[PDB]
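Below you'll find only one chain, the form deposited without the partner chain, shown as structure tokens.
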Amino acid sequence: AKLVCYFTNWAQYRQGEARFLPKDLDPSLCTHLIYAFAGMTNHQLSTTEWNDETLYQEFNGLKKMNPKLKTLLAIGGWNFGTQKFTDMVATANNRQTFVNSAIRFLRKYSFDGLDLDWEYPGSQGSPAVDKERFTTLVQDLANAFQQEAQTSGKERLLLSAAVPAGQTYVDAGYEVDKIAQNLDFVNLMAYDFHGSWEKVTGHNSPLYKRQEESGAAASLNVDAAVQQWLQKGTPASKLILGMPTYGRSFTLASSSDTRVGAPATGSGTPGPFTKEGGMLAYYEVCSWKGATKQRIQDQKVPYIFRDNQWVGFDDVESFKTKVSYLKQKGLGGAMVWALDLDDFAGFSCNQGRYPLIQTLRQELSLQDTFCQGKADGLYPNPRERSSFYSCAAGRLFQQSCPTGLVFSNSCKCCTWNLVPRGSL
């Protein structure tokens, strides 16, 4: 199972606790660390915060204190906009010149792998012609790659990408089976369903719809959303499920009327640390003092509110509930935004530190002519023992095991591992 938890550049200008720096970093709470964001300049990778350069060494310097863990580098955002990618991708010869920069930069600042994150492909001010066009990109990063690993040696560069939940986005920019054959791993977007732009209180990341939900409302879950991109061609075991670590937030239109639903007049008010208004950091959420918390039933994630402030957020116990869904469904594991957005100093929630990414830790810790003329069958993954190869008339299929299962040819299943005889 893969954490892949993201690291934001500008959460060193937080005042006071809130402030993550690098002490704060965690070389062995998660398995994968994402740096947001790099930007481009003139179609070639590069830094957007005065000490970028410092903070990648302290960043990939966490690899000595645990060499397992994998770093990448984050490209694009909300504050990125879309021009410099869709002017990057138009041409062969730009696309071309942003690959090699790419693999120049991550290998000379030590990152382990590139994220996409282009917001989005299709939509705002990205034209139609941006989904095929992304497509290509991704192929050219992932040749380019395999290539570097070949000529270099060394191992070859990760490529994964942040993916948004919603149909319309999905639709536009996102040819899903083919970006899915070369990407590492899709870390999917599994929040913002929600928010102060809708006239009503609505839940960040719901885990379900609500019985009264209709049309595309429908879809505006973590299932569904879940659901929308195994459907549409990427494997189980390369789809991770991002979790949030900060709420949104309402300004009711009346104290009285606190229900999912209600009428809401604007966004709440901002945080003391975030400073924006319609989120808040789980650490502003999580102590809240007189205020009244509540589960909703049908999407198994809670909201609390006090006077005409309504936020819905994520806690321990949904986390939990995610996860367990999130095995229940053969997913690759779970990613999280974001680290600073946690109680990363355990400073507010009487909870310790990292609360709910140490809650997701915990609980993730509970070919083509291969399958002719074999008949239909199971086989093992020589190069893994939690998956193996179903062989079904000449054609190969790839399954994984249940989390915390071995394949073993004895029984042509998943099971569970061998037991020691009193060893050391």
The other form holds:
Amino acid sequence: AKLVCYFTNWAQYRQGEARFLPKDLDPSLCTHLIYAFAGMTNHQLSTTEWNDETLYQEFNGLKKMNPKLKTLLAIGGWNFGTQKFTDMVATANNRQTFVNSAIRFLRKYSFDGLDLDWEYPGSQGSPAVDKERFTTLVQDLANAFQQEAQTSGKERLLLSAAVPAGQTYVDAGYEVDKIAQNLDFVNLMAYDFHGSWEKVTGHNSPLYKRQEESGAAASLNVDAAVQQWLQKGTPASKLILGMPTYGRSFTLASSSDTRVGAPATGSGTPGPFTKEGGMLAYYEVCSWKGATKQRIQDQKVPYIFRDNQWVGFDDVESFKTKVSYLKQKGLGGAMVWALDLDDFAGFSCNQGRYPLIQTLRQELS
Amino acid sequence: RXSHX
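Alt. form deposited with the partner chain bound, vs. the form deposited without the partner chain above:
Starting with the chain above, the whole complex follows.
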């Protein structure tokens, strides 16, 4: 089984004990490490942080300690947008420019593969034709990687993609059956199901729907997402179940109603270290004092509230439950966003180093 | 937004 872990190149700017660099990564924790995020310049893969070239070397240097470890570079993310992907996939010439720049870049910096994190083809401004052009891009990359492995004798570069769980996004941009044949694995983002963009509280990553949910709402859960990707043609062994080491927060319309689905007025207070209203790292929630934690019976995940703050997150128990689930479905393993959001240095939760991801490793093994 | 998105 695979344990795919995302590293983020901006965590290096967090203050104090929250700062995360390649030196903070446990070489033996995961089977695959994915570096987020690379960008694109004139249809060619490019760095996004001033010191990426140096970080790339340290990152792939982890393989000197654990030779079995595989690394990949992820391109995209939310802030990257969609325009550059749309323009690049528009013509065969532009796609070749990208594909060849990707091979060179990955070989130059010693990455074992490429992870596509376009958010998303067919959505967020990307036109309908991008659903099929994304398929062409994936085919172009698979073809090129196969060819390069053959001409160079080197191990074939891996190709994966971080894909959405929401039916709306999946239908608008992914020909699942087609792309699945060309991807080595699929990183299912089985999280971000609910967030402060919604007017009521909801859990970031519920395993199942609430009994009272119906319609489209009843599909905003992990089980529905997994069933969807399998039903549309994804080989179980290629479906890697994403797990979040962070939660999503809301400010309540009233401290008197702290239920799942209670009216909310917007994002919860930004965390002291992550500083992003609407989310909190596991290490920012695991030790909340004077708070009240409760488990959502039907969804098998917890939430915690204090005064007018409400946060739905994942803990050791929910991660255990989800791995049992993925094993029961025969999935290819677990994926996690992100290394720097777990209590990596064991400074906050009194649960040792990487309490959440270590749980994934132990449960998978 | 806030994480992977």
